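Supplied in structure tokens, the structure appears directly below.
Missing here is one protein chain; the remaining ones are kept as they sit in the complex.
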Amino acid sequence: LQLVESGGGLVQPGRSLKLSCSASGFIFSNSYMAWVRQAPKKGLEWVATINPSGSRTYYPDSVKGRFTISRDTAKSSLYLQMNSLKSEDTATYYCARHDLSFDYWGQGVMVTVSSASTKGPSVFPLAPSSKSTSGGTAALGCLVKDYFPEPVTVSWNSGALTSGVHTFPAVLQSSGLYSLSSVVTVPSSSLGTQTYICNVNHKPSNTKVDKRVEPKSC
Amino acid sequence: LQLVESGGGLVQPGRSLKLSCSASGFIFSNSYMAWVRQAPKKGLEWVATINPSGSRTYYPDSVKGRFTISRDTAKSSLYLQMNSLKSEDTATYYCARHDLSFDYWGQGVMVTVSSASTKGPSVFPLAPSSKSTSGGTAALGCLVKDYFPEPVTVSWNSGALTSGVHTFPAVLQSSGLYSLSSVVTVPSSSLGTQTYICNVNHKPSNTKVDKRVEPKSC
Amino acid sequence: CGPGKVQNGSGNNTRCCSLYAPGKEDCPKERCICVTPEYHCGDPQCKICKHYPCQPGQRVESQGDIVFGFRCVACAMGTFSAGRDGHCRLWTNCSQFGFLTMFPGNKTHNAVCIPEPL
Amino acid sequence: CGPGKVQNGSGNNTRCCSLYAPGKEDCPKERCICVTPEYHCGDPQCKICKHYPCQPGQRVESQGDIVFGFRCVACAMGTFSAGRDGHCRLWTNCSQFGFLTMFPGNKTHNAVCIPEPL
Amino acid sequence: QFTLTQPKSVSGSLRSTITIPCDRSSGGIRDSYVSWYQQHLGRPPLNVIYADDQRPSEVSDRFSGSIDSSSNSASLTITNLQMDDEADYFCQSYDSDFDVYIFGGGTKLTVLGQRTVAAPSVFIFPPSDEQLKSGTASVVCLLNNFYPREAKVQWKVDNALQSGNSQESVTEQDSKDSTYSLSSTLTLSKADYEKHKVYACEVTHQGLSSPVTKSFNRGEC
Partner (left out) sequence: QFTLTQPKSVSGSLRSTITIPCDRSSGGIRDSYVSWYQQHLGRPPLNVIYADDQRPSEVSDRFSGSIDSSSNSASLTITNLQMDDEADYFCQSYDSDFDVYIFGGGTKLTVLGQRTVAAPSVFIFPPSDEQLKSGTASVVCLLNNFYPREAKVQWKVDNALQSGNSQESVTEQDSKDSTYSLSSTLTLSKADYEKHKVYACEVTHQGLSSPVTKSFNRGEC
């Protein structure tokens, strides 16, 4: 069985989208079919139900009157006509089949409802402690702050430095903008002599930055 | 509704053929479909049954284990895979549809399973009586004997003589060869002065004969 | 005919059909029985009702996959038929209805009932 | 299960699917009612039998179009149920069987019968 | 279990009831579809009745079927017989799952015309000298322009009736005079032919007051 969702993307508040789920794989019109969503990092929320004939539809609440589900045997496709979208409708949307109990599921398509616009990040140093005792470990990094949409890529010294590197998952701030940090732990004895540059690319905004990070002075 | 049989012909004893019946015309896969045969001049003998799905095959007896029936919606065609053919399988084979009771039928395709192969006829005179009383009617003709396969054509005086002409149906002899007679009734007073020639063509053997027929003498 | 079943035909072609169980597969569709007595489906789809009477203690078997031939076979065990119609009706279990059974019944005849004497 | 109906499953998944199947093969046989007491179909197709007991004078309603939820509603008028199984069996009309009725019956209890004083 | 029987032929006047009986022949399953089919010339069969009655559309109401007697006895009735109803008629049945499908043997229905005085002109042809050289002798008897079709043609060779060594061919009915013509061919070996003297064709037909013999002696002129 294979289910492939499509038609998700970035959309303004108050706009509309139509998701599609292509199937075959089983007995499409000979089974029920569901939509379910999930905000990244959060729980599953059930979203839709279409009768196998397609005669009747069933929905939950927060989207009743705004969304729509239907089927077309032509290419085993579902029809999530989502209207009047709000920030709370931002989520990964999955298709699957209620048949007996959600038999198979797709990989999901991300819907992002945002007043936020394509914005490039600023790149700030997370500077290693100047007062670090020689013979231990120091940490340094780059803070990549205030960007939209995802994703941003971070490498260190053009990919030549990979051991001790931790590039954290992006966090959505209450501003609607993403921020992420990349850090690396290095010998404190290397701080005077090894250059450390984080290479940041936010391709959605055309923003490319190389940031040298070193001990702050006075 | 139109049903067209094809794939019949002349075949050696112990050989195989495949008949086809093209249809559309109705609801092919949405109906049963039959094969029935008939020796020329004899009765109808039921021969094949195919499930509309094609899942099950039903056969009579003299051909069970030797014949085969199947369907392919592609072009609404039937599949009479006839194997190990014998002289008794020589017949016109018709397709039709058992639906409710043999709804529509084709024109039929002739299968000839014979030993004796192509052979041209000999043409013999059927001579008018020499002793015929002048003022009555005399009969004369041509006997076209010992040919295979059918057909032979007979005309008289290159088609200029047609009244009083009777060209009989061919008869299959116990030898496996056909024979036929053509006759014409003429004024007995014309026997001395009008020439009578039968023009015989057996195109399957390349045999073409003009035979002058007149009163036998002494 | 009946509220949750489908009337088709009139007079002697009177029959009732069940939903075609459109679920899936290709087994069959519109299984219909005919209402007029001693009349039975002639085709598997029951397009027309035909006449083939039986006797008591017999049902009507119907072999054929396009047009039926009819064999008047006897009633199965656990069933009866007291008419010429040739349908094996099930025995009336008096116990599950409220009563006891005075005569148990056989192929010819269904069971009569006896009660609770209090 | 029964002669003119289709047995499916074993143990607690036992099914008395009616709708026969026109004596075919892997047809879409349906209309099944679990025989196991207090067990009921879980899906509309009755693929699996689930457990949801009721009390006397109640039946088991089953709302849902793929997987059932269960409400233990009371017995309809004209019916009864004297067990936890939750099936509305019809009243035993003693009059059509041979007897009169001593106590008429209600939702909790079926009728009993007083015959013909011989 | 397979069986079915029909009368070889039935002849009736125009505008007259025609009854073609189909008998179960001990099958015992008197009631089931007993379809009736009609075959003309070398054309395919046409379904006249399926389901015992309920004639399909087009076929004339004059064709009706019935399954009475129940003592094994379907019947096809043609009321008010017409000239276009000349044909072989076939009944076909069931056993669709009892075992096999089967047609009856067919019944020939012939129409009526002026046949009382429609006698054949009768001719006999000896075998030719050119045929006798190839080792075979064919003796031909011709019956020309007769009605009805029913004729009896008998070959005698030195008084002995010949049987199993002759074959007949009959023309279809003429479109102008409504007659038939018939050729009968007696075939012998040359060696058999040269044993005997008198070769005779005897023709019995309704339009002949007594049988007509045409004959020759071998080796005369």
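Each chain carries a letter (A, B, C, D and E) given by its place in the written order, and its residues are counted from 1.
Heads up, the rule we're going with is that a residue touches a chain if its C-beta (ideal position, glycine included) is under 8 Å from a C-beta of that chain, and two chains touch if they have at least 3 such contacts.
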Selected residue (touches chain absent from view) among A:73, A:101 or A:190: A:101
Which of A:11, A:27 or A:139 contacts the chain that the document leaves out: A:139
Residue touching the undisplayed chain, where the options are A:183, A:191, A:197 or A:200: A:183
Identified contact with the non-displayed chain, of A:21, A:36 or A:191: A:36
Per the touch definition above, residue among A:166, A:203 or A:208 touching the missing chain: A:166
Residues belonging to chain D that touch the chain removed from view: 42, 48, 50-52, 63-72
Touch list for chain A against the chain that is not drawn: 34, 36, 40, 43-46, 49, 58-61, 94, 96, 98, 100-103, 105-108, 122, 124-127, 129-130, 137, 139, 141, 143, 145, 166, 168-171, 173, 179-181, 183, 185, 216-218
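As a convention for this text, only the chains that are shown with their structure count from here on.
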Chain B and chain D, separation of their C-alpha mean positions in angstrom: 69
In chain A, residues with contacts to at least two other chains: none
